[PDB]
Amino acid sequence: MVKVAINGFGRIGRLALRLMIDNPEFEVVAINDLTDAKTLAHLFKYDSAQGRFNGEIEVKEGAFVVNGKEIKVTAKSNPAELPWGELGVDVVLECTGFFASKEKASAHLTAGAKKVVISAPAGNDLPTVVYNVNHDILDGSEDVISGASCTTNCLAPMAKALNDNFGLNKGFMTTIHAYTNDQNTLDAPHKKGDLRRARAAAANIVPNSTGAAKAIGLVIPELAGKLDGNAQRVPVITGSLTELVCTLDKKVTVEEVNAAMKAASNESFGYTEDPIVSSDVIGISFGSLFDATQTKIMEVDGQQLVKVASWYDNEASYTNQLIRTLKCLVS
Amino acid sequence: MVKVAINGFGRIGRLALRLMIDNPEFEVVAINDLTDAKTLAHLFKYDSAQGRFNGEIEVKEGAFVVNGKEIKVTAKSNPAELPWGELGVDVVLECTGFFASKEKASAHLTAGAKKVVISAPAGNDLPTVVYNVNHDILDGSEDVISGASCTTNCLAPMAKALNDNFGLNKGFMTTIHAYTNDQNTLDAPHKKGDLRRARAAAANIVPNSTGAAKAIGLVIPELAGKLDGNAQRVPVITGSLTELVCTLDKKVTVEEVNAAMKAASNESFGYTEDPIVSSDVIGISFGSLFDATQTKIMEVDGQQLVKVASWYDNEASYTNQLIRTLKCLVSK
Amino acid sequence: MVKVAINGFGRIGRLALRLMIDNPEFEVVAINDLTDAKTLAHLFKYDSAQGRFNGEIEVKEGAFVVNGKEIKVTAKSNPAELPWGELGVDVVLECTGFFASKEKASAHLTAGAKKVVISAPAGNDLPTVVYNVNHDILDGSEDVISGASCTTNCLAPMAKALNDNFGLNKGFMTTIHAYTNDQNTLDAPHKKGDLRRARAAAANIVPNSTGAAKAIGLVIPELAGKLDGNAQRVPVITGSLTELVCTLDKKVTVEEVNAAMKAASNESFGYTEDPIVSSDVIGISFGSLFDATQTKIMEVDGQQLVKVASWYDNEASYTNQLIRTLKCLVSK
Amino acid sequence: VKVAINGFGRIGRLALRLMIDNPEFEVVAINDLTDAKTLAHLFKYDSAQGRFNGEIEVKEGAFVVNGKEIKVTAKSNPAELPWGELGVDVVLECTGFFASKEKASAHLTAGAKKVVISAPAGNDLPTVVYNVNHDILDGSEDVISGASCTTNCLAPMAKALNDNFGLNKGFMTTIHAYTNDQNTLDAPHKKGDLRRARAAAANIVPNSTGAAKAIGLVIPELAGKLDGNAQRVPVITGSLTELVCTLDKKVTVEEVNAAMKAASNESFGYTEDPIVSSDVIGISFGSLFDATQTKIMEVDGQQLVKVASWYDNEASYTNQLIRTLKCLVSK
Ligand SMILES: NC(=O)c1ccc[n+]([C@@H]2O[C@H](COP(=O)([O-])OP(=O)(O)OC[C@H]3O[C@@H](n4cnc5c(N)ncnc54)[C@H](O)[C@@H]3O)[C@@H](O)[C@H]2O)c1
Ligand SMILES: NC(=O)c1ccc[n+]([C@@H]2O[C@H](COP(=O)([O-])OP(=O)(O)OC[C@H]3O[C@@H](n4cnc5c(N)ncnc54)[C@H](O)[C@@H]3O)[C@@H](O)[C@H]2O)c1
Ligand SMILES: NC(=O)c1ccc[n+]([C@@H]2O[C@H](COP(=O)([O-])OP(=O)(O)OC[C@H]3O[C@@H](n4cnc5c(N)ncnc54)[C@H](O)[C@@H]3O)[C@@H](O)[C@H]2O)c1
Ligand SMILES: NC(=O)c1ccc[n+]([C@@H]2O[C@H](COP(=O)([O-])OP(=O)(O)OC[C@H]3O[C@@H](n4cnc5c(N)ncnc54)[C@H](O)[C@@H]3O)[C@@H](O)[C@H]2O)c1
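Chains as they are written, first to last, in PDB author numbering: chain A, 1 to 331; chain B, 1 to 332; chain D, 1 to 332; chain C, 2 to 332.
Quick caveat, the hints were computed from the structure, so don't treat them as lab data. One thing to keep in mind: the hints can contain errors.
[Unchecked claim] As a list, the in silico DSBU-like pairs of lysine-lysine whose alpha-carbon atoms are at most 30 Å apart:
#1 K45/B x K192/A
#2 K3/C x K214/C
#3 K72/D x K191/C
#4 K250/A x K262/A
#5 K104/D x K72/D
#6 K76/D x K296/B
#7 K191/D x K60/C
#8 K76/D x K296/D
#9 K296/A x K45/D
#10 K192/B x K38/A
#11 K60/D x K192/C
#12 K251/B x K296/D
#13 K296/A x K251/C
#14 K191/D x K296/C
#15 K69/C x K191/D
#16 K69/B x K262/C
#17 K3/C x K45/D
#18 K60/A x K191/B
#19 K296/A x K214/C
#20 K104/B x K76/A
#21 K72/C x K191/D
#22 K45/C x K192/D
#23 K170/B x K251/D
#24 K60/A x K45/B
#25 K262/B x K60/C
#26 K45/B x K191/A
#27 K250/B x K296/D
#28 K192/D x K191/C
#29 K296/C x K45/B
#30 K262/A x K251/D
#31 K192/D x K296/B
#32 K45/B x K262/C
#33 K327/D x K262/A
#34 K191/A x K104/B
#35 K104/B x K192/A
Produce the complete structure using the sequences and hints provided.
Shown next, in the form of structure tokens:
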């Protein structure tokens with residue numbers, strides 16, 4: 001049994017609990033956030049995007065019990081003050097968005113935790129892993145690691161397949177992304193000074209920056225410095241699409257590209273020929289779902305520009321990858 | 001030339017500035033918030049609901065200039081620390097949502113301001129004004145006042161007209177309300193513990209509490225304790241509807257009720273027979289817009305239940321009412 | 001083993017199919033619509049509100065196979081031309097919205113069908129059933145019956161409980177309703193000339209008329225002519241709320257009313273004290289979900305006004321009620 | 002100049018809004034499938050473009066706008082309309098069903114002198130993007146096309162790019178507001194598109210567009226050099242055209258932004274403000290280049306260039322349409 005704590009019971013943290021609660025390999029001992037147990041339990045029970053929790057929840061003072069299993073609730077904003085050493089937690093899932101670095105997240109280790117998995121990009125001085133792309137880099141000795149971004153978990157398998165089959169010279173990624181909690185409800189100042197994430201999330205197409213493409217080198221070293229891109233946040237509650245426009249080493253046809261993708265398909269990376277829309281990927285277990293209906297190739301003179309697209313649920317896809325990586329790290 | 005400050009450059013503060021900036025009676029000296037001048041200027045220039053500002057904005061350091069007039073910007077979370085005295089500010093529009101009480105809002109007076117107008121309900125010990133309903137209660141000597149809530153400004157003229165013409169013994173109010181910034185973007189803990197405002201604003205029907213009906217007595221004393229109600233927040237960016245289901249002292253007809261409403265119509269209280277929808281009231285100047293097409297009467301054993309509905313833009317309707325009450329207060 | 005055809009593979013039809021593949025008592029022989037099998041199969045596999053279908057779907061010329069069982073696809077706009085006798089269908093689920101009457105829906109019988117369940121109000125010359133309110137009236141002699149409206153399936157159990165415990169003299173219903181396929185995507189002319197459903201569905205609060213309250217007289221005869229109401233369509237994809245403001249024959253308390261509701265709770269009528277929002281009822285099997293957090297009472301001069309509310313998934317709640325009524329009709 | 006409108010839809014009603022205070026045209030008639038009460042109500046109130054600034058009165062079979070009367074008809078077949086009896090000078094074909102010379106010429110048979118089609122209508126006629134190729138107009142044209150909204154956004158941007166640096170090839174992606182050809186909720190679709198069948202306001206909906214492939218009709222040098230697709234997202238109006246392209250010359254972000262600013266005109270605007278989609282609702286530009294979204298990535302000696310332009314797919318296109326209308330009749 002592996003003792004896990006969750007710091008930051010948000011979209012990712014709560015969905016992580018949903019994925020770990022039924023699997024006997026883990027024991028979620030505690031959850032830390034900024035609120036009381038009643039609030040945490042209600043948010044776990046009811047979800048506007050992922051549906052009702054299938055199980056039973058009851059709340060007790062300073063704790064709540066899910067499926068008969070009790071979980072201590074704490075409210076410490078400073079991780080070094082947490083009781084990880086006292087409950088002897090094995091791994092902390094750092095899901096707050098505030099401690100995404102080796103320096104900052106290591107406060108969990110000083111608090112007594114043996115290992116930490118960060119739910120975001122956390123710099124380049126620690127292992128960053130996209131499951132079924134580079135999880136082989138783990139040997140079990142790593143105290144703090146990053147599960148990368150949702151967008152890298154969508155893009156990496158696609159870019160790796162393209163590079164391995166045809167060699168990818170370069171490309172531009174644009175992700176049409178569901179809005180998230182870092183955007184305002186209505187136009188208002190933003191905490192980090194972003195004048196676009198300041199705007200009403202569900203009423204706008206909101207251009208935004210993302211480093212997923214520039215940082216791919218941390219996951220696929222061969223592609224370091226070969227991709228860039230940005231995002232457009234749009235008014236869907238969850239569900240996103242990654243488009244990649246690129247040039248390859250070899251002339252290709254749509255059929256050849258789609259076949260390479262199907263051949264690279266696994267549990268993390270899926271393949272579909274159905275003309276789906278975003279609402280159809282909510283809650284999927286794949287980290288990436290390649291959409292063969294969106295493959296397009298244009299040729300001028302002898303040079304090809306290739307466009308590919310893969311769906312992902314920035315919540316469920318990422319969290320499933322995060323739990324795959326958590327299982328690998330503790331094995 | 002009245003020296004105004006705005007504390008909290010939010011939805012209401014920015015729309016207040018929009019309504020005062022063309023207006024010669026006010027000079028807006030300062031704005032206080034929690035961010036820098038470039039952010040306030042950007043948010044004033046571009047609006048997701050109220051459209052782009054028609055005018056020119058330039059950003060200096062620590063201030064910005066609107067249509068050639070400079071406004072100093074400050075970022076002090078504690079109002080008592082504000083430089084209202086040194087700027088000789090006459091009225092502060094308290095629009096943050098954090099000082100809506102006599103005691104808390106009086107810190108502006110301690111900061112050196114002469115008067116404070118609060119843009120929300122602020123308790124029972126202060127004058128609360130819905131313009132063109134009870135604004136005669138103002139005499140000019142009041143240092144702090146409340147402009148009431150958006151729902152109170154929509155409901156009050158409707159309930160006053162019904163009471164005056166037919167006697168309103170009791171009623172229930174329901175406001176189908178646009179979501180606001182006190183609701184979360186996606187499901188998440190909520191600062192004030194509301195498990196319903198914690199849910200994703202633009203994805204849900206969210207029942208919520210409101211004191212607009214219970215507190216109507218502060219605006220229409222004859223109606224103290226005769227109304228109650230609640231809200232349903234729904235996914236529109238702005239624009240709202242107040243429904244009132246009530247019993248009256250007098251049998252009435254649809255035509256009678258509608259005529260009573262039109263007869264009470266003014267700049268604050270409007271009347272329409274067009275089958276409009278919420279997006280059509282965005283930016284209107286009325287504090288309340290009675291919809292004669294929604295009037296319904298049901299009679300059982302000779303006893304009637306009456307349903308009426310009035311539209312409002314919870315932002316522009318309220319802000320226009322607030323500037324009306326401000327002008328009246330400083331013209332006194 | 002009862003052979004069922006579905007006419008109109010829409011929101012109600014497709015969800016009916018989702019619920020009947022579970023039940024071995026039915027076999028769905030055919031589906032009729034205005035399009036091909038590829039599209040019907042695709043729309044059945046993927047749903048923006050009710051999620052992906054968990055099961056297997058394959059497409060065949062003029063048919064598609066679900067969980068290994070084949071279903072015939074037809075595209076005849078006129079029901080009299082259907083092959084119901086050839087297929088010997090026992091019951092047709094009439095879900096198009098165009099044949100909602102005894103006279104029009106009897107064309108299914110002329111095509112050779114034994115019985116018709118209309119998924120909408122179909123007039124007062126028919127048996128209209130809200131399961132677990134008046135389904136005891138069914139005896140097997142009925143060629144055509146109506147499953148009533150979604151809103152009546154939400155309101156009836158609540159109104160019945162109120163009437164049974166305390167006597168319901170009169171009441172006004174207001175439903176806060178998800179938008180539907182009879183509203184336009186963007187502002188445009190409307191097929192029925194309604195200037196409000198002509199407006200952009202996902203951008204507005206849209207007042208609308210409904211007979212759900214008046215039609216309660218067909219399901220609860222004691223309450224004939226005692227209720228009326230209206231609707232407000234709001235930008236959620238599915239999930240709705242029914243509010244009721246009413247007067248009773250007896251004085252009551254909030255907890256007394258809530259206790260009566262919990263007591264009347266069953267498979268069709270659910271009871272909750274959780275402060276839920278609309279997205280939380282998507283896909284529920286109840287026809288009505290009474291929300292104890294919304295009960296309120298107003299007392300003035302000793303006469304009370306009572307406000308209660310029930311949630312419903314206007315799609316799944318109604319469809320589950322519809323399948324319950326269909327099983328009841330074919331069991332007799 | 003006697004202007005009539007066939008199809009009082011999103012484009013038609015906004016066109017009338019723009020022509021009310023233009024002293025050179027007077028609108029004489031409007032044809033649609035509904036009565037004057039509905040048309041007047043839809044002209045008065047609009048969910049995206051706000052209330053009409055003016056007074057509307059509805060007479061018998063006509064309505065008066067700001068004192069000026071306009072008769073209304075209900076003919077689904079354009080050949081049966083009384084353009085001859087009304088001596089119409091130019092008809093705006095805005096239904097979406099007669100987008101071809103052969104079909105739109107029925108206006109000519111009813112007695113219409115000139116027809117401007119508010120959509121792409123084939124290669125047999127002049128298709129014009131104002132301030133891109135409008136000088137091709139002389140007096141002699143009875144039928145012309147105003148192109149698509151997406152072409153009116155892309156064309157000036159692509160032209161500036163070609164003229165300054167030479168566009169080898171490019172892939173366009175437009176993040177587009179949903180439109181009335183998408184379903185409100187999931188349901189069969191009349192043209193069989195399984196994606197436009199899905200609920201418009203709940204999904205990211207990939208869609209095809211010919212705006213890129215057809216650019217050759219507006220900029221002949223670029224025939225067969227661009228392609229692209231669309232993504233429909235839940236905003237009521239407002240759209241963004243992103244272009245990923247390769248150029249003949251090596252460039253810098255500053256060079257591209259300067260070349261765009263140099264091309265600035267009433268049709269093609271320039272901004273460095275970090276705006277969002279709702280900020281372009283109702284703008285008078287056919288295209289608004291966004292300098293904040295320019296990106297260049299370089300691998301070996303080869304560059305990929307990304308640029309983006311906003312447009313209000315309704316107001317931008319309609320403003321362009323009436324500009325082309327004025328030009329067409331000046332001659
Ligand atoms: N949401 C996504 O789509 C997504 C996808 C991939 C990665 N991530 C990453 O996951 C992390 C969490 O994101 P989220 O979407 O779940 O956001 P969220 O806002 O939903 O979750 C944040 C939670 O952390 C809690 N928290 C904040 N400060 C805290 C502190 N000092 N101590 C304890 N708890 C605290 C908050 O109260 C909130 O409950 C972020 O770094 C995000 O970048 C998010
Ligand atoms: N939005 C409506 O529909 C509406 C209608 C009528 C009244 N009101 C009331 O107006 C008030 C403001 O609401 P809003 O909708 O504009 O909300 P908002 O969140 O958009 O505005 C809040 C603003 O106040 C600022 N702020 C917070 N604390 C501050 C402090 N200590 N000092 C300076 N600035 C601070 C924030 O940075 C933000 O700019 C609330 O009390 C609300 O109840 C709102
Ligand atoms: N959706 C709800 O919330 C709800 C609730 C209760 C009752 N109902 C009732 O159910 C009925 C269907 O509604 P819906 O929401 O599923 O609408 P919908 O528009 O999704 O379904 C209509 C379907 O019927 C098909 N159709 C139309 N005419 C036809 C014909 N002549 N022959 C064969 N097929 C035809 C259409 O192609 C479409 O697929 C309506 O009467 C509605 O009022 C709907
Ligand atoms: N909406 C945009 O963003 C946009 C941009 C550029 C071009 N267009 C083009 O403009 C045209 C109209 O699009 P829209 O957005 O106005 O759609 P819309 O659905 O709002 O307008 C269609 C109108 O035409 C009427 N109509 C349909 N058939 C008719 C007939 N036979 N006779 C007379 N009237 C008829 C309908 O009643 C409706 O009022 C389309 O061809 C579209 O491609 C649209």
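> Which numbered hints turn out to be false for this structure?
Replying inline: Per hint list: 2, 6, 8, 14, 17, 24, 30 and 33 violated.
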